[PDB]
Every structure is written in C-alpha cells, then in structure tokens.
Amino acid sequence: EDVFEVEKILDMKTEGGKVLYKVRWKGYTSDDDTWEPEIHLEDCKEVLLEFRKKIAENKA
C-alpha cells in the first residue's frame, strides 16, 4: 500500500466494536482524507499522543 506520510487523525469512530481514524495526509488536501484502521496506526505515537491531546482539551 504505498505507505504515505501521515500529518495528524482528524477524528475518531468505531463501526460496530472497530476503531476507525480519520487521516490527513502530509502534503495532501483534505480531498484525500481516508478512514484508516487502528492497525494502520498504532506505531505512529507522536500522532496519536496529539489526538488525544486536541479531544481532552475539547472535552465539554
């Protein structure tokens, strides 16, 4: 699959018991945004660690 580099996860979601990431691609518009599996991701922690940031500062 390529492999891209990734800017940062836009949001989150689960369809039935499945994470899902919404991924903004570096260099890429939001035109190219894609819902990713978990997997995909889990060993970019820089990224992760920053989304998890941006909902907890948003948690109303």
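Superpose the two forms; the largest set of C-alphas matching within 1.5 Å is the rigid core. Positions refer to the first chain, counted from 1. First, how it differs from the form deposited in another entry.
Core-superposed comparison between the two forms: the Cα of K13 travels less than 2 Å.
For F51, a C-alpha deviation of 2 angstroms or more is recorded between the two forms after rigid-core alignment.
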Given for the second form:
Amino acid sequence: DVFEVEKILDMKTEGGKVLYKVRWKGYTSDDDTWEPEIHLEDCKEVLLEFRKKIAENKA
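Switching from the form deposited in one PDB entry: structure of the form deposited in another entry?
Chain alone follows, minus partners and molecules.
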C-alpha cells in the first residue's frame, strides 16, 4: 500500500503547525489523520484550492 490522498477533509492552522485532515484511498473514515502541510507538498495545487475555499467559507 501507499499514502494516497482520496480527499482533503478539513484544515487547521494552530499551535505553530498547519495541518490537513485527509481521507486515505482504500481506507475508511476510521483511518482519517491530520498531516502537516510540509508532508503534502506533492499535492500543492489541491492544498491551495482547499485553502482558498475554506477561507471563503469561513468568511
């Protein structure tokens, strides 16, 4: 198996960290984890889209 992102679920920027809640391909919601942005830099455009969308939804 590999670390395959199926869907970005949520995002928080607190505690000196930028974290994304991710849904893993081949796994269920019981396996959702929060991962640092540094470790997801290979999906930079997916993260950028989620950053803008969650910024507009919060506003």
